[PDB]
Amino acid sequence: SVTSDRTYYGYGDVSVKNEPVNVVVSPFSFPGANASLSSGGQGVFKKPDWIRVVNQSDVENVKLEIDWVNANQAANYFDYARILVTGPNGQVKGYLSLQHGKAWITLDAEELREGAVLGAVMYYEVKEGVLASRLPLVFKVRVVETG
Amino acid sequence: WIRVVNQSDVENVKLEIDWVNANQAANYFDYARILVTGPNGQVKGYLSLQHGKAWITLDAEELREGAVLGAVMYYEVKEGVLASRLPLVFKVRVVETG
Amino acid sequence: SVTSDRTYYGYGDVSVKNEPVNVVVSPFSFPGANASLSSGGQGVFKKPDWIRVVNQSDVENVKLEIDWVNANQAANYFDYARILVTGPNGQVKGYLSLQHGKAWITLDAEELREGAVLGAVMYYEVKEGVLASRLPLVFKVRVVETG
Ligand SMILES: [Ca+2]
Ligand SMILES: [Ca+2]
Ligand SMILES: [Ca+2]
Ligand SMILES: [Ca+2]
Ligand SMILES: [Ca+2]
Ligand SMILES: [Ca+2]
Ligand SMILES: [Ca+2]
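Chains as they are written, first to last, in the entry's author numbering: chain z, 1 to 147; chain z', 50 to 147; chain z'', 1 to 147. A prime marks a further copy of an entry chain.
The reader is advised that the hints may include incorrect statements.
Straight-line distance between alpha carbons at most 30 Å, and here's what the computed DSS-like set of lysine-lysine pairs gives [as the list claims (entries may be wrong)]:
| no. | chain 1 | residue 1 | chain 2 | residue 2 |
| --- | --- | --- | --- | --- |
| 1 | z | 63 | z'' | 102 |
| 2 | z | 140 | z'' | 47 |
| 3 | z'' | 63 | z | 140 |
Quick list of simulated restraints, FRET-style, between CB atoms [said to hold, decoys possible]:
| no. | chain 1 | residue 1 | chain 2 | residue 2 | range |
| --- | --- | --- | --- | --- | --- |
| 4 | z | 40 | z'' | 67 | 38 to 44 Å |
| 5 | z' | 70 | z'' | 5 | 15 to 21 Å |
| 6 | z' | 80 | z | 123 | 52 to 58 Å |
| 7 | z'' | 141 | z' | 110 | 54 to 60 Å |
| 8 | z | 129 | z'' | 39 | 20 to 26 Å |
Which chain z residues face chain z''? A few, computed with CB under 7 Å, are given here [claimed, not checked]:
| no. | residue |
| --- | --- |
| 9 | 17 |
| 10 | 18 |
| 11 | 19 |
| 12 | 23 |
| 13 | 24 |
| 14 | 25 |
| 15 | 133 |
| 16 | 134 |
| 17 | 136 |
Source of the hints: derived by calculation from the structure; they are not laboratory data.
Don't be surprised by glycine CBs; every beta carbon is placed ideally from N, CA and C.
Construct all of the structure, not just a fragment, from the sequences and the given hints.
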């Protein structure tokens, strides 16, 4: 009588919700307070706690691409500007200048285990006589690959 | 969802489930996959916008305790579509029994 | 006698009512009160609470496209204008300028769980001598994909 259609089923579901990374930012105001910057002046500014990376319990490798997009603008104001991106635990993984504007800071599973804080060190010299107020520098952070 | 109640005589049933308005829900959904949960954890049926016919059959051990057919649906509503009270109608056919 | 037409039926209904997202706006009046903007002036303006996203209990991923449509108009008035769209919890996901006018801020399930407030930071310099009153800047918000 009944000729059973021999076909049973099994199923499953996978939930991919979050993105691997969170770039929490604390922007810098470099002349700061209780310090001063003059026109034509030379020196160094540093912020130790600038870009924080927070990852899920699953992600263990990240490769970030930092990009300086308005570098053609700060060229009209600065003579040399060299940004050093201080890595997790004293490592320095990044270097940005008016000429060379792309960095490739990558992070491993030991560094992500304790929170990757990316401070910034800046070496500068304001072009001769230029006087400005609240100049912006904007950096593009791209997560290129992860695992 | 679908309960099968049989007489004390019937012990084998072969049902054909058919999705008839699948050409309509295509205008609204991107993928729709219905899984017909069989009697005691078995899964005997699968319906999609493309593949619309199922052949869930039932044996004498399963009919002895009542065959309840739940439904699991995986869906994604097409981009931006806004609707209210859409119907999906399934044809249940008893093809053979004994 | 009766030759039963063996055909029974089962049915169901699905109710899709709402759209995934609500863009609640609090527009900005940037010269504000108890502050002042001058012609040819330079500086920064910021509004922390500008675009609020409210989602249903079902939606967990949104990808928004922000677009600056009258950027060709503010070019006649401004020298540089750079809008930074401050994301949910300190992240910065968006950048709009007179040249580059499209942004792609996307949001994950952890950020939508607490309300995505999109503040705005603006860096500007009014072209030399231009004097205007109540200039509009209009941004197109598009929900491109969701799930
Ligand atoms: Ca290491
Ligand atoms: Ca990967
Ligand atoms: Ca059995
Ligand atoms: Ca028969
Ligand atoms: Ca609404
Ligand atoms: Ca996130
Ligand atoms: Ca979708």
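Verification of the hints:
1. z:63 with z'':102: It holds: about 25 Å lies between the C-alpha atoms, which stays within 30 Å.
2. z:140 with z'':47: holds, 22 Å
3. z'':63 with z:140: holds, 18 Å
4. z:40 with z'':67: 38 to 44 Å: Given range 38 to 44 Å: holds, Cβ gap about 41 Å.
5. z':70 with z'':5: 15 to 21 Å: At roughly 20 Å between Cβ atoms, residue 5 (chain z'') and residue 70 (chain z') fall inside 15 to 21 Å, so the hint holds.
6. z':80 with z:123: 52 to 58 Å: holds, 55 Å
7. z'':141 with z':110: 54 to 60 Å: holds, 58 Å
8. z:129 with z'':39: 20 to 26 Å: Once the Cβ atoms are compared, 23 Å apart, the range 20 to 26 Å for residue 39 (chain z'') and residue 129 (chain z) holds.
9. 17: holds, 4 Å
10. 18: holds, 5 Å
11. 19: Result: holds, 5 Å to nearest chain z'' Cβ.
12. 23: holds, 6 Å
13. 24: Holds, because the Cβ-Cβ distance from residue 24 (chain z) to chain z'' comes to roughly 4 Å (cut-off 7 Å).
14. 25: holds, 5 Å
15. 133: Hint holds; residue 133 (chain z) Cβ to chain z'' Cβ min 5 Å, cut 7 Å.
16. 134: Result: holds, 5 Å to nearest chain z'' Cβ.
17. 136: holds, 4 Å
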